[PDB]
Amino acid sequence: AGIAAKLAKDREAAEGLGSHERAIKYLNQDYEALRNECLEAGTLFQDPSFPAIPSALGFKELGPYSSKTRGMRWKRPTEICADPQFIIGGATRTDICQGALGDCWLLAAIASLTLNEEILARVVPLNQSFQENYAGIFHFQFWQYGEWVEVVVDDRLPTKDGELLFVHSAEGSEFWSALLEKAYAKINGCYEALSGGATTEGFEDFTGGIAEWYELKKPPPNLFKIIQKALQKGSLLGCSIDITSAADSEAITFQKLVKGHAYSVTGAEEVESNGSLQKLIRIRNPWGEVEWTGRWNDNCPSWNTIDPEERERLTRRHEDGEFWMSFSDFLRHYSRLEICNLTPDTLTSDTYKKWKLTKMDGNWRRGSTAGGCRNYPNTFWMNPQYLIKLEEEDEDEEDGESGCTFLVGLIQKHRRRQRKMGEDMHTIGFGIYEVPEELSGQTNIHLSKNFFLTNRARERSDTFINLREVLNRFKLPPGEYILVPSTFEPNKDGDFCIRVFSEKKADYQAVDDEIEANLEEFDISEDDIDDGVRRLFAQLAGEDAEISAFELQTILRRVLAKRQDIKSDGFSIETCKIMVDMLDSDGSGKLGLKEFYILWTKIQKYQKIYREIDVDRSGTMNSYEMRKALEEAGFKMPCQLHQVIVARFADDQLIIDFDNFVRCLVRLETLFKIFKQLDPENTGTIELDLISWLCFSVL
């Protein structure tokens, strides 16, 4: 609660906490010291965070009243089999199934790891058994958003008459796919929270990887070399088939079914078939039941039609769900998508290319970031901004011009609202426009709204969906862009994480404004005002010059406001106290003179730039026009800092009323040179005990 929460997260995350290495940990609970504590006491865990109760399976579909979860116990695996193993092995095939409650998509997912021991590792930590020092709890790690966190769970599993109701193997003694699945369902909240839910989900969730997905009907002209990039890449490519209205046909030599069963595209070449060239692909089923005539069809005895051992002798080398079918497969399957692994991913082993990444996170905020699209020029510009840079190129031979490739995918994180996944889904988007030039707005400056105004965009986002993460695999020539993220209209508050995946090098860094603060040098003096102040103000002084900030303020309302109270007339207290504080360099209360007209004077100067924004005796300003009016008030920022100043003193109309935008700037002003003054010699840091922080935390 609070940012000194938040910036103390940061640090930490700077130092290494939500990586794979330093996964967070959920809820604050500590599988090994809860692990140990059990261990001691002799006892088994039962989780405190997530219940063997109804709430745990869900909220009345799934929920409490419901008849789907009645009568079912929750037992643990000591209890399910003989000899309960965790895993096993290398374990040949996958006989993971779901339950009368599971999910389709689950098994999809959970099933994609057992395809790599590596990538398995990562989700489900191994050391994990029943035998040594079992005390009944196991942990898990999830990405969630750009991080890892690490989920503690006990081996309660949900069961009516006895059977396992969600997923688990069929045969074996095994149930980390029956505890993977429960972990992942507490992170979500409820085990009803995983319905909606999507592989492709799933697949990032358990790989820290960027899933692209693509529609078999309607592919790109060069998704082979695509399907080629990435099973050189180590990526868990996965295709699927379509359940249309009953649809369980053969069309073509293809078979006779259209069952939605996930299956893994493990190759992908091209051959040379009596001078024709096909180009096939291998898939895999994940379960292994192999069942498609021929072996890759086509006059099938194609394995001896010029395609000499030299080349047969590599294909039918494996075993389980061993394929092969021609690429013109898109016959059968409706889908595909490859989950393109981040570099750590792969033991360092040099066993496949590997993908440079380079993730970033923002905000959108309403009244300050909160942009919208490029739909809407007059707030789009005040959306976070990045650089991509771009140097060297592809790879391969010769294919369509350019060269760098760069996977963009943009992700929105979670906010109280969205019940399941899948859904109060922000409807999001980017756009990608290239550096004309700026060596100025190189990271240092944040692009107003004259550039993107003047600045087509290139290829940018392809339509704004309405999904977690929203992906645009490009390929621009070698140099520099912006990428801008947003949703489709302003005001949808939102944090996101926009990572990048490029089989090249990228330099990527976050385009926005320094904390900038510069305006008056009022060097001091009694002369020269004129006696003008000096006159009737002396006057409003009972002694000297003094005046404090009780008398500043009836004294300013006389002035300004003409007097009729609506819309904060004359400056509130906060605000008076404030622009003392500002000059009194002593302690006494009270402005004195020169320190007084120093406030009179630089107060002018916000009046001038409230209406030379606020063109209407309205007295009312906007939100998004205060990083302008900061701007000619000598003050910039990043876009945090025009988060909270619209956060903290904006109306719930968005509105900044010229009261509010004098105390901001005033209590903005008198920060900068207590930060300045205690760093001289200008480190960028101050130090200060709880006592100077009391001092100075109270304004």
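Only the largest set of C-alpha atoms that superpose within 1.5 Å between the two forms is called the rigid core. Numbering follows the first chain given and starts at 1. What changes on going to the form deposited in another entry:
- Superposing the two forms on their core leaves just one of 578, 482, 135, 545 with a Cα displacement of at least 2 Å between the two forms, namely 545.
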Given for the second form:
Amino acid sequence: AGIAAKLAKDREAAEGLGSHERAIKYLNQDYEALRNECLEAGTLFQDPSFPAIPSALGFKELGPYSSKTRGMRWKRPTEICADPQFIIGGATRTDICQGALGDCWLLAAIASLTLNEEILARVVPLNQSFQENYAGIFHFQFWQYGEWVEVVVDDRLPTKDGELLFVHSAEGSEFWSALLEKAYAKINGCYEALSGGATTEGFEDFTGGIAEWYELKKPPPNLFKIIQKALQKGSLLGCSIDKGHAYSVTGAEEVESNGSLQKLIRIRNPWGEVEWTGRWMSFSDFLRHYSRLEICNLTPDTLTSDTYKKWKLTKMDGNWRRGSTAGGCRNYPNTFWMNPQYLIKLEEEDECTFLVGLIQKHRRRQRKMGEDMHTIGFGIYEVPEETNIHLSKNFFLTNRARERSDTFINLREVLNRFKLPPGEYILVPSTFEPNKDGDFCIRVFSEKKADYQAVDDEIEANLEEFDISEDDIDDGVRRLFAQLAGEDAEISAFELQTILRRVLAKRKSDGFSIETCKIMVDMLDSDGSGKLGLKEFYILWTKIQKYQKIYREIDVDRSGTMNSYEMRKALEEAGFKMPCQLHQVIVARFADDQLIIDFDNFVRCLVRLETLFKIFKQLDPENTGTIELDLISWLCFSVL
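Now the other one: the form deposited in another entry, given that the block above is the form deposited in one PDB entry.
There are no partners or other molecules in what follows, just the one chain.
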């Protein structure tokens, strides 16, 4: 684990890793590998990760012991069919269905895929079969919070009386279905977790596009001049009703009878048959259908065609660490400007409009789809006349908004539809209340080219570099030096500790821990001794002097405790500027469980930072931006 990891995945994700081409390998499992390492063994795969035990099924509900799952037959296609196919051609209908236990949002979600064979090429790696290289293992690619993960699973499916309890085909033979579903259950950690999930969700997972949805009950004015644009783009549209059948909106042209202009809706059914009383639809459908969902798509989906208008796109990542980057909500102006900040600059306009969504990454907590979600939301602000500057409390205490997301939901992903005058707009993703530990991704589907960046600082440290040469002592201080040490008349970490502590009686607080001293020293001991003379000790004393002015200039009490949110400010006073990530490491490595940084740590930090800096600065005498090191040398700096 450790930063090292979250940090080496960056160089890797920056290369390819995650994109379709190079999608991640869930639980570090290799298809080719395992497959190959299963044929040569003469065996059939056996997912040690997602065994065919009860726990894969569920916990409480489809949970063990429970009857819902009691007495079960994990049989593979072969063991129950004859010449099972993985996927054969592209029918005009689906034939798909759920067993007892199965849910039902899979039926719609899967269906669509079926009837757009290239969308299905993204999820199911059409290149598997029960005859050519069969080892009882298949794989699939799923999109997750911004990047593609690859899941390997064995074909043991849960039956009971030769009947498949979850997702399957009416007419046997094909199984890509039941498997892509076993897969998805795995990545989500179990079957029972699919129990709920939004058609709108699992579908983004299956494609990577963005799912916007509407209540036909009370729809928008431009409800129409959109679907057209929708299909027009390549997006997919569905529609359900309080009957319990999921349809598809395959298109709709406003055919004009030159006297009436009777626009129509070309609804379609995945399962084939169609029948009714009305017309296509008399658009009297709004009075007939209850729900509508259009899923605009990530442009590399249709790797060809040149049919359908292709969206534009840019996505970024961000986090909210409690007591530091977790403001969230205009309402809390005491933190809000502390959230992450990103720049979106619209060039030319329509003939701009953009889709913006804030989906929120998984969190240990959550065990079922839909459950345990945070209340995210987001505001966007108008740029007066300007990046390298993380917007301050002032900027928001000022400008009131300029269209803020239409509410904070208690759900994964949040999108809104915008259209704006080709200016630079800023947006502040965040949670409802403040202090909410969690991560996220912000995507953006536009119409024409968009430059998505981030409003934040850069590592910037420039302290006062004094060059007093064993002088500039004012003597009053000089005099008051040697008499503190003794013989050699130098100081030591521990000497410095008592010496220093013995220097207080103004205001919790209790001088500094040795560790601090230990590093106070470390930031100055050049000769490699382990002690300090007048010059450095001077710098220290004075540096301290400065430091201390700030803790106090802010701990406007007698607490000897300052709110973590202060620290950002603070660091600025001490001449340190850093992007969101560090402050987190700074509060994570330095605050309290209550989110208070005592004075000692406050300085243990300021000091240490300066040291590590200098060491870095010093070692990069040319300013290339990188400081190469071998193990040994690394291990030395490493230990503090």
